[PDB]
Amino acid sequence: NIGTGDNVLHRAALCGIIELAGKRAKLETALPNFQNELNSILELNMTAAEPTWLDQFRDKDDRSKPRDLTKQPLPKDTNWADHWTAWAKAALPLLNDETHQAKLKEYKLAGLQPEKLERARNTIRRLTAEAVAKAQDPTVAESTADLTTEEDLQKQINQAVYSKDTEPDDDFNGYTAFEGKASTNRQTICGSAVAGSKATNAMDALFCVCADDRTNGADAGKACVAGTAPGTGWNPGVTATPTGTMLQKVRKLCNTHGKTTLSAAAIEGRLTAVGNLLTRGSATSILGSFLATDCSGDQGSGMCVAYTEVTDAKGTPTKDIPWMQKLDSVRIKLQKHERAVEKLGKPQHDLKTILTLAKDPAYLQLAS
């Protein structure tokens, strides 16, 4: 018969899912940024530019004011409209003569004799064009479009575990187990060798696997515990849908107190553990201790949940069981993000190198 501790294996596998919910899934390697370094290179270039170039960014009546493009439209014989926003952003702090003179001294361009200034200008313009071409690589905007946020991932994990965007509180306010469709008895709710369960998410599957009820508390209801049964008082023959207090006494078997540094491999290993504990029969696959007939919670039957989507002839969990598919989506999005962070590293490092060379007065003369 099924007794104390018999479902420890399944509980561990399901809790490895549950623990990733709430706001515990953390995205560490995050937005690798190079825009400040690029902006610094662009502003160095504008500072080094001839004063008649900076003058194009000034209002005709007030030298300290940025040019208005209705007041002074850009010349049509130029590609200036294609670059004006970035140029004007570089020029704005420089419209102040005190800020500009400071930047010239800071970048070591002050006092440079004309020929030496020309050669410094040439190297800076070359390095700036190189910085733009590295920062504007297509696999940069692509990589950028592949990055997600801790937020988006957290919401999708909560969907697979709770069919909700946020984890329900300790009383499970707003939550209704089994999507409101629980009826009749435990085996109708949790499934059998011939019928699928009503559990569409990870939390309700854990409830089928681990909840005691009013008849098994002294026996099979201890499958996931050691000392005492969860004590739900679940009476599915009278009130099929369990209460939030009932659900929380099962959730507290899992670690909802820590955090997990998300990783596609972490998600994979957890999904694989659940998926391969599925016992494939002719009509259903069963997760949990199972002796005979159905997942009624009786010590002679089963403490388990059943799925019709995978069998000994068809189905793969991360594609055909909806809640495991949704969690596989998080792994997929984590992989893309992880590769992007790696790809966005090269421009970042190269732009730092360029900014260092642009501030080396000796190099500016050599590379000219």
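By rigid core we mean the largest C-alpha set that fits within 1.5 Å across both forms. Residue numbers count along the first chain shown, from 1. Compared with the form deposited in another entry:
Of the candidates 151, 115, 98, 82, the Cα that moves 2 angstroms or more after core superposition between the two forms belongs to 115 alone.
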The other form holds:
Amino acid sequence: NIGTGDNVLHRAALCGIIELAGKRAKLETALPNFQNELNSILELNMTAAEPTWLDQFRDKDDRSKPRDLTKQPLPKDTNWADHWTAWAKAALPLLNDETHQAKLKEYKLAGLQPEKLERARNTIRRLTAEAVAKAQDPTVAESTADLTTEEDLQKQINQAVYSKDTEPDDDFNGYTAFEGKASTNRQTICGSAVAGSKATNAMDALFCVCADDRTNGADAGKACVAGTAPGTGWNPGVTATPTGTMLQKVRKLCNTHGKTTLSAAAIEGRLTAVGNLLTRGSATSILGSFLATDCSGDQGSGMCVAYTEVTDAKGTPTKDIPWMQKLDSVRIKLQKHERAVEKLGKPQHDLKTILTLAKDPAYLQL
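For comparison with the form deposited in one PDB entry, provide the form deposited in another entry.
If you are looking for partners or other molecules, they are not here, because only the chain is given.
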């Protein structure tokens, strides 16, 4: 008969999912953001430019103000319209002569007399072109496109766990278990050797695996605990949908008190830990202790949840069980984010190198 602790294995696997939800899943990768360095190189290039070049960025009446493109259109016989936004950004602080002199000092160009500035300028223009080619590389934008957001990933995880964008509070306000489709009795709600459950997410699966009910507190209702049953008071033969208080008495078996470092490997391990616990039969697969007939919560029956989507003849969880597919999508997105973070560290180092060289007066003359 099913008794105390018989579902500890399954509880652990499902809580490894639950604990990811809320805002607890964290992208601690940070990001290689090299825009600061690129902007500095472009500003250094403008600072070293011939004064008639910086003069193109000035208003013809107030030389301290930026050129307006209606008042002074960019000549059609140039490619200046393709490059103006970045040029004007680099020029804007330099329109102030005192700021231009301050930047000349910041970039180690203020000791240069005209012919020596001309020489350095050639090297700076070359380094600047190389910086743009490295940082504007379509592959850089490719990696940047594969960068995910903690908010987006957290939303998808809460969809897998709760079918909501956010984790329900401790009263489960706004949440209805089994999407309002619970009926009849525990075995109808949780499934059997022939029928699937009414669960659509990981939380409600955990509830079927771990909740006690009115009839099994002395025996099977202790399957996920030690000494004392959860005490849900669930009476599904009379009132099929458990209340929020009931759900929380099961969720509190899981660690909602810490954080998890999001990595594809971590998600993969957690999904496999559930997926291979599914006991594949002819018509359903069962998660949880099962002895006979159905997941009715009786000690001679089962404390479990059943799925028709995978059996001993078909189906993989990450494709065919919706909540698990949703979580596998997070693993996929994380793998791409991880590859992008690695790739983007290269232009970051390269831009730092170029800025070091561009600020080295001896190299520029060389």
